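**Q** For reference, the chains in residue letters:
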Amino acid sequence: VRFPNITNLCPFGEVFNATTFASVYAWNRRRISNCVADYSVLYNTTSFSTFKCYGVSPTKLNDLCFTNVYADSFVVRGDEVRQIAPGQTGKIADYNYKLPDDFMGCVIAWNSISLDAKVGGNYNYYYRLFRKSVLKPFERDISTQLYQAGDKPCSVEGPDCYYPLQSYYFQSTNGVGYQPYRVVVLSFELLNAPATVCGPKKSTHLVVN
Amino acid sequence: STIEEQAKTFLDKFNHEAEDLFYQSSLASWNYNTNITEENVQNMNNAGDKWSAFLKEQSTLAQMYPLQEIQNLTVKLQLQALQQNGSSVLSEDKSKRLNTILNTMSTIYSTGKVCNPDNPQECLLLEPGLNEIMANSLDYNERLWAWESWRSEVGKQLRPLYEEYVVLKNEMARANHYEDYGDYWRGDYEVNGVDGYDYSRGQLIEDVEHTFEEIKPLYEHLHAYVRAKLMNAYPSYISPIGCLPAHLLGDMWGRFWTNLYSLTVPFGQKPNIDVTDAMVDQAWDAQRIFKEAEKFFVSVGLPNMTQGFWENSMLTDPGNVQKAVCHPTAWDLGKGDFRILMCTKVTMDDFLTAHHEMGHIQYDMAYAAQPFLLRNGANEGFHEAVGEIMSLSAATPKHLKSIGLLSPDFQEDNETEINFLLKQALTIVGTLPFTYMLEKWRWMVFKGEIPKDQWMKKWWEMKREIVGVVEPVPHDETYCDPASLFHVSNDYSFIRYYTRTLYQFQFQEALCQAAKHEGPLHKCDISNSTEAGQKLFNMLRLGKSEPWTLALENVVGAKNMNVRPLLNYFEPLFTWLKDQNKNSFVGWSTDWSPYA
Ligand SMILES: *[C@@H]1O[C@H](CO)[C@@H](O)[C@H](O)[C@H]1NC(C)=O
Ligand SMILES: *[C@@H]1O[C@H](CO)[C@@H](O)[C@H](O)[C@H]1NC(C)=O
Ligand SMILES: *[C@@H]1O[C@H](CO)[C@@H](O)[C@H](O)[C@H]1NC(C)=O
Ligand SMILES: *[C@@H]1O[C@H](CO)[C@@H](O)[C@H](O)[C@H]1NC(C)=O
Ligand SMILES: *[C@@H]1O[C@H](CO)[C@@H](O)[C@H](O)[C@H]1NC(C)=O
Ligand SMILES: *[C@@H]1O[C@H](CO)[C@@H](O)[C@H](O)[C@H]1NC(C)=O
Ligand SMILES: [Zn+2]
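Respectively, the protein sequence lines represent chains B and A. The end of the first sequence is residue 522 by the entry's author numbering, with every number in the run present. The end of the second sequence is residue 614 by the entry's author numbering, with every number in the run present.
So here's chain B without its partners, still in its complex pose:
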């Protein structure tokens, strides 16, 4: 005899406990559906440096229902975690990853260093320095196309043609501001269409059909 759960626990340990993350200019997006989501495990990890749930309730997030659940993951410097927030202007937010000013959901980050700054680092993360326009909310641009300062012929890396992408150099000796920080953003959303994920207690509230 076994206890059957028609909706398995949602894949939340996959995104957070993942071995490798992505550079901010190429952030990774995930859909969580056809499952039951316990957000208590997200609270129970006290190692999380920042748990900034704009909009929805922090600890009563578990006691809710949702339709569109998107999880975005990237790693940025500690002093740039503030730029991953509603209505904050900065090099990361303007050109790499922008949250809506009306955004509802949460931003989660932790210290990293242990894995993504290993002695003789095996990875290399990156970030975008220049762009013509500020990114609209939830927009991505992986363009490798060169940027011009004045009216410039940008076919060669030159005095005024600057390569748009730049590299993060994470070392143990770096300070907290210049140390890597792993950020996962949960983009909860509500749709008038039938719901997809609610929570453990609310298995029949809206998640099931």
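Everything labelled a hint here was simulated from the structure, so no lab data went into it. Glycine included, each C-beta is placed from N, C-alpha and C at the ideal position. Hints may contain errors.
Here are the simulated distance ranges between beta carbons [to be verified]:
{"#": "1", "chain 1": "B", "residue 1": "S468", "chain 2": "A", "residue 2": "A576", "range": "40 to 46 angstroms"}
{"#": "2", "chain 1": "A", "residue 1": "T78", "chain 2": "B", "residue 2": "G434", "range": "28 to 34 angstroms"}
{"#": "3", "chain 1": "B", "residue 1": "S362", "chain 2": "A", "residue 2": "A576", "range": "50 to 56 angstroms"}
{"#": "4", "chain 1": "B", "residue 1": "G471", "chain 2": "A", "residue 2": "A576", "range": "46 to 52 angstroms"}
{"#": "5", "chain 1": "B", "residue 1": "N437", "chain 2": "A", "residue 2": "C133", "range": "50 to 56 angstroms"}
{"#": "6", "chain 1": "A", "residue 1": "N556", "chain 2": "B", "residue 2": "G471", "range": "25 to 31 angstroms"}
In silico BS3-like pairs for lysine-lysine, Cα to Cα no more than 30 angstroms straight-line [unchecked claim]:
{"#": "7", "chain 1": "A", "residue 1": "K26", "chain 2": "B", "residue 2": "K449"}
{"#": "8", "chain 1": "A", "residue 1": "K465", "chain 2": "B", "residue 2": "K431"}
{"#": "9", "chain 1": "A", "residue 1": "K341", "chain 2": "A", "residue 2": "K288"}
{"#": "10", "chain 1": "A", "residue 1": "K74", "chain 2": "A", "residue 2": "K94"}
{"#": "11", "chain 1": "A", "residue 1": "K26", "chain 2": "B", "residue 2": "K431"}
{"#": "12", "chain 1": "A", "residue 1": "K68", "chain 2": "A", "residue 2": "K131"}
{"#": "13", "chain 1": "A", "residue 1": "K31", "chain 2": "B", "residue 2": "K449"}
{"#": "14", "chain 1": "A", "residue 1": "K68", "chain 2": "B", "residue 2": "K465"}
{"#": "15", "chain 1": "A", "residue 1": "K74", "chain 2": "A", "residue 2": "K31"}
{"#": "16", "chain 1": "A", "residue 1": "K247", "chain 2": "A", "residue 2": "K577"}
{"#": "17", "chain 1": "B", "residue 1": "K404", "chain 2": "A", "residue 2": "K31"}
{"#": "18", "chain 1": "A", "residue 1": "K31", "chain 2": "B", "residue 2": "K445"}
{"#": "19", "chain 1": "B", "residue 1": "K404", "chain 2": "A", "residue 2": "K577"}
{"#": "20", "chain 1": "B", "residue 1": "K445", "chain 2": "B", "residue 2": "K404"}
{"#": "21", "chain 1": "A", "residue 1": "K26", "chain 2": "B", "residue 2": "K445"}
{"#": "22", "chain 1": "A", "residue 1": "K465", "chain 2": "A", "residue 2": "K74"}
{"#": "23", "chain 1": "A", "residue 1": "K341", "chain 2": "B", "residue 2": "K404"}
{"#": "24", "chain 1": "A", "residue 1": "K74", "chain 2": "B", "residue 2": "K465"}
{"#": "25", "chain 1": "A", "residue 1": "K288", "chain 2": "A", "residue 2": "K363"}
{"#": "26", "chain 1": "A", "residue 1": "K534", "chain 2": "B", "residue 2": "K465"}
{"#": "27", "chain 1": "A", "residue 1": "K131", "chain 2": "A", "residue 2": "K114"}
{"#": "28", "chain 1": "A", "residue 1": "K26", "chain 2": "B", "residue 2": "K465"}
{"#": "29", "chain 1": "B", "residue 1": "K404", "chain 2": "A", "residue 2": "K174"}
{"#": "30", "chain 1": "A", "residue 1": "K419", "chain 2": "B", "residue 2": "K431"}
{"#": "31", "chain 1": "A", "residue 1": "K416", "chain 2": "A", "residue 2": "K341"}
{"#": "32", "chain 1": "A", "residue 1": "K596", "chain 2": "B", "residue 2": "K404"}
{"#": "33", "chain 1": "A", "residue 1": "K577", "chain 2": "A", "residue 2": "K534"}
{"#": "34", "chain 1": "B", "residue 1": "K465", "chain 2": "A", "residue 2": "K94"}
{"#": "35", "chain 1": "A", "residue 1": "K114", "chain 2": "A", "residue 2": "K174"}
{"#": "36", "chain 1": "A", "residue 1": "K234", "chain 2": "A", "residue 2": "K476"}
{"#": "37", "chain 1": "A", "residue 1": "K419", "chain 2": "B", "residue 2": "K445"}
{"#": "38", "chain 1": "A", "residue 1": "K313", "chain 2": "A", "residue 2": "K534"}
{"#": "39", "chain 1": "A", "residue 1": "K74", "chain 2": "B", "residue 2": "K445"}
{"#": "40", "chain 1": "A", "residue 1": "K476", "chain 2": "A", "residue 2": "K112"}
Given chain B's structure and the hints, the job is docking chain A with the ligands onto it.
**A** Frame of chain B; chain A with the ligands shown alone:
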């Protein structure tokens, strides 16, 4: 688009692409200064060359953007520094010899060992030994040997290298729109863009002499009081009318008269303001000294030391296993990395200098928000003055009583304040003539006023007249005694230390007005005053962005160095010294020599 905006994105590329290159050089330089190895000298020099190469290439690209078009003044400063041609004006023949000489002089000074005339295998090095001899010995011959041997066996070898150092460095400065190498250093104090807050290269040279003229009377009575009290310590060797023999002063060069406090202490029976004995007897550690200095900055509201400071810094001699550069150094490596390298010994001198060097870091941490090319103090004196503000508050007997290095029932007195003020005057007032003469010699040598044949004559001609210190042994032009000091041999501006002292009391006067005070400028412990700390934070956060004259004006209320606060701090000592010299001669005779 505008070239100004075109240059803004050029600097944005520069700032983001330069930090790692500068960080690698700083890491390698740290790994050599903490560990002397031929492997590290190559790695450090390679990273410096790559950093220098990045400077050369990005400088040439910066020449295209014209400064006259830019109207955002903070942008103008960043472009102006990057556009400057430094050693780039020199040819490969000139640059190599200039760097080969510069490293050679440093290695001679670092590896300088004087062997005992008997038993030549026994050699005494300036840092571990031969300074204890010059700071703890009362034997006239032992001090004479260490003073003469260093300036002969080490100094003479630096004479040929310094002559070519001057001519090559002058060619560098003269090429880059300067009169001499002295003008290259003198430009650090220049503002030329803002009305009312402007400055010039020569305004420093005239303000220094005007301000030093009002320090001479205080120095004279300090000189006479020290002279009389040194006369008892070294009988039959000092003239009651003549100058002071150089080797009988506090240190190897006469820079600081601090070690003379034991001989010249006014009231011995009063509890010692020199808490060096108290620290050792209470088992104070190197860690406690830097931890207590940390709590001082914390109390005024400034931040804790970063964990990279406590994890990565070197606060003790690593041992005979590995060599190290034990000159007190504050490191702003970048990337949020702040470290202090120091050969901390349990003495009051290292207790105060720990406050001084942590003051460097607090300034360094504050201007970290400013861009890379504005990541520096307003001028050289500002950085060295910030540390001295703390050591001025930390040296007060009340603060010493606070930390436990003085008895909990310590009762203040007229006598103790003279004991405290004299020790502070030996360190602060004593060095002012030494610094004024040393830079005036170098400034004139760079200008060529002093010929190569009259080098050593002028060095001791001015030392007698300005500083009141005489040569114990006659010296030829073969000797090169000015280069026997670390700062001259390692190509650092030295007038920063004179300007430092005048700023120090000017800041403290304002900081001790914000911190509601009652009495004089001494007994000014800004400890536990957040208002005093936040008044400094605003100055520290600006960095090089705002002009130094404006930065000084907002803090203290003046656009220039004012010698008045310094004299008020020592006014109780000046009046006491005059009475204590009623039956002593005040002044020195320029024609008395011990050898004569
Ligand atoms: C990550 O793994 C650790 C160790 O297996 C576990 O304790 C923790 O709950 C996991 N976190 C998530 C979000 O799955
Ligand atoms: C000193 O440097 C050498 C090579 O530069 C290195 O192998 C050694 O481990 C260093 N010593 C210490 C104590 O770090
Ligand atoms: C100069 O440009 C910077 C660019 O970020 C700007 O923030 C600053 O306000 C400008 N200067 C002035 C005086 O506004
Ligand atoms: C640097 O040198 C170039 C020629 O090599 C010259 O055109 C330029 O004006 C110089 N820059 C400065 C600041 O002297
Ligand atoms: C500074 O560090 C000490 C020891 O780690 C700690 O007790 C104190 O709370 C810290 N202060 C601040 C303001 O972080
Ligand atoms: C600062 O305040 C603390 C807390 O009362 C006190 O222990 C310390 O002695 C004060 N510092 C000074 C210099 O009086
Ligand atoms: Zn210093």
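**Q** The structure should be examined with respect to each hint, and the outcome stated for every one.
**A** How the hints compare with the structure:
Between B:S468 and A:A576 the C-beta distance comes to about 56 angstroms, which lies outside the given range of 40 to 46 angstroms. Separation of A:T78 from B:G434 is about 32 angstroms and conforms to the stated range, judged on CB atoms against 28 to 34 angstroms. In this structure, B:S362 and A:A576 break the distance hint of 50 to 56 angstroms, their C-beta atoms being roughly 46 angstroms apart. For the pair B:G471 and A:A576, the supplied restraint of 46 to 52 angstroms holds, since their beta-carbon distance comes to about 48 angstroms.
As the Cβ distance of B:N437 to A:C133 is approximately 54 angstroms, the hint placing it in 50 to 56 angstroms holds. Taken as a hint, the range 25 to 31 angstroms is violated for the pair A:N556 and B:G471, whose Cβ atoms sit roughly 41 angstroms apart. Distance check on the hinted pair: A:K26 and B:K449 sit about 24 angstroms apart at the alpha-carbon level, within 30 angstroms; holds. Pair hint A:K465 plus B:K431 does not hold up; C-alpha atoms about 54 angstroms apart against a cutoff of 30 angstroms.
Distance check on the hinted pair: A:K341 and A:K288 sit about 41 angstroms apart at the alpha-carbon level, beyond 30 angstroms; violated. Of the supplied pair hints, the one linking A:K74 and A:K94 holds, its CA atoms being roughly 19 angstroms apart against a limit of 30 angstroms. Restraint check for A:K26 and B:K431: not satisfied, since their Cα atoms lie roughly 34 angstroms apart, outside the 30 angstroms limit. This hinted pair does not check out: A:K68 and A:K131 have alpha carbons roughly 34 angstroms apart, beyond 30 angstroms.
As the CA atoms of A:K31 and B:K449 are separated by approximately 24 angstroms, the hinted pair is consistent with the 30 angstroms bound. This hinted pair checks out: A:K68 and B:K465 have alpha carbons roughly 28 angstroms apart, not beyond 30 angstroms. For the hint linking A:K74 to A:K31, the alpha-carbon distance of about 15 angstroms falls within 30 angstroms, and the restraint holds. A distance of roughly 40 angstroms separates the Cα atoms of A:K247 and A:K577; the hinted pair therefore is violated under the 30 angstroms criterion.
Simply put, B:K404 and A:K31 have alpha-carbon atoms about 12 angstroms apart, close enough for the 30 angstroms limit, and the pair holds. The hinted pair formed by A:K31 and B:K445 meets the criterion: a straight-line CA distance of about 15 angstroms does not exceed 30 angstroms. Proposed proximity of B:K404 and A:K577 is contradicted: the alpha carbons are some 37 angstroms apart, above 30 angstroms. The suggested pairing of B:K445 with B:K404 holds, with an alpha-carbon distance near 12 angstroms, which does not exceed 30 angstroms.
About 14 angstroms separates the Cα atoms of A:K26 and B:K445, which keeps this hinted pair within 30 angstroms; it holds. Of the pairs offered as hints, the one joining A:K465 and A:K74 holds, with about 28 angstroms between alpha carbons and a cut-off of 30 angstroms not exceeded. For the suggested pair A:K341 and B:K404, the alpha carbons sit about 44 angstroms apart, so the restraint of at most 30 angstroms is broken. For the hint linking A:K74 to B:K465, the alpha-carbon distance of about 23 angstroms falls within 30 angstroms, and the restraint holds.
Distance check on the hinted pair: A:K288 and A:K363 sit about 25 angstroms apart at the alpha-carbon level, within 30 angstroms; holds. Between A:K534 and B:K465 the CA atoms are separated by roughly 59 angstroms; this puts the pair beyond 30 angstroms, and the hint is violated. Taking the CA atoms of A:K131 and A:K114, the gap is about 27 angstroms. The hint holds against a cut of 30 angstroms. Using a Cα cut-off of 30 angstroms, the hinted pair A:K26 and B:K465 holds, with the two alpha carbons roughly 16 angstroms apart.
At most 30 angstroms may separate the alpha-carbon atoms for a hinted pair to count; B:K404 and A:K174 exceed this at roughly 56 angstroms. As the CA atoms of A:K419 and B:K431 are separated by approximately 47 angstroms, the hinted pair breaks the 30 angstroms bound. Of the pairs offered as hints, the one joining A:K416 and A:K341 is violated, with about 38 angstroms between alpha carbons and a cut-off of 30 angstroms exceeded. Under the criterion of a C-alpha separation no larger than 30 angstroms, the hint pairing A:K596 with B:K404 is inconsistent with the structure, at around 64 angstroms.
This hinted pair checks out: A:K577 and A:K534 have alpha carbons roughly 24 angstroms apart, not beyond 30 angstroms. Taking the CA atoms of B:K465 and A:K94, the gap is about 23 angstroms. The hint holds against a cut of 30 angstroms. Distance restraint check for A:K114 and A:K174: the Cα-Cα separation of roughly 23 angstroms lies within the 30 angstroms cut-off, and the hinted pair is therefore satisfied. Between A:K234 and A:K476 the alpha-carbon distance is near 20 angstroms, which keeps this suggested pair within the 30 angstroms criterion.
Restraint check: the Cα-Cα separation between A:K419 and B:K445 comes to about 61 angstroms, which exceeds 30 angstroms; the hinted pair is violated. For the hint linking A:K313 to A:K534, the alpha-carbon distance of about 20 angstroms falls within 30 angstroms, and the restraint holds. Using a Cα cut-off of 30 angstroms, the hinted pair A:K74 and B:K445 holds, with the two alpha carbons roughly 29 angstroms apart. Proximity of A:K476 to A:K112 is assessed by CA-CA distance (about 28 angstroms); at most 30 angstroms being required, the pair is judged to hold.
Hints 1, 3, 6, 8, 9, 11, 12, 16, 19, 23, 26, 29, 30, 31, 32 and 37 from the list above are not met by this structure, while the remaining hints are.
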